[PDB]
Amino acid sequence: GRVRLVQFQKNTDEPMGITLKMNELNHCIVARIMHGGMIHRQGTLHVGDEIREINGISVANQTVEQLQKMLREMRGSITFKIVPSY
């Protein structure tokens, strides 16, 4: 699909509300989005989307725990480079 850049503004320390999973090619896939969360309210990131980069950082050959940890500690203006899935 077509790559796009999705931007969020994270000012609080609450869970972003994303659950990730890696598939066979180690592609990072959005497994779940927390209903009513900041992400869900914006409507720009959806289950099945492939995340290629976070804050410009390639997710390649990083584990799920690593990425979730990264997501838990991010604040301010952040981005996901994603390939949406329909």
The other form holds:
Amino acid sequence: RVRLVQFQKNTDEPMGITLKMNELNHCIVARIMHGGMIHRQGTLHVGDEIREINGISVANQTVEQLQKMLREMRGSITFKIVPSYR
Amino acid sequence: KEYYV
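Switching conditions: you have the form solved without the partner chain, so give me the form deposited with the partner chain bound.
Now the full complex is given, and it begins with the chain already shown.
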């Protein structure tokens, strides 16, 4: 049910995904820009839920704080996710 | 609302 994934953010390029909070206050990958960083690395897919970012719980963060945290982060990044299924 | 990262 829970998966650990990793990706590399070594430039100033955006991740190229959009996030939304749903009714359970869960952080959901809503759209993925084709050709963008996440799309190329295959790290996340639409409907996946992000639980943690580098071991940092998403639950006690606002959407702005998450956006700022992700924009500024660099290097090897680990997500704990709840994957969606086709 | 949606948020870009």
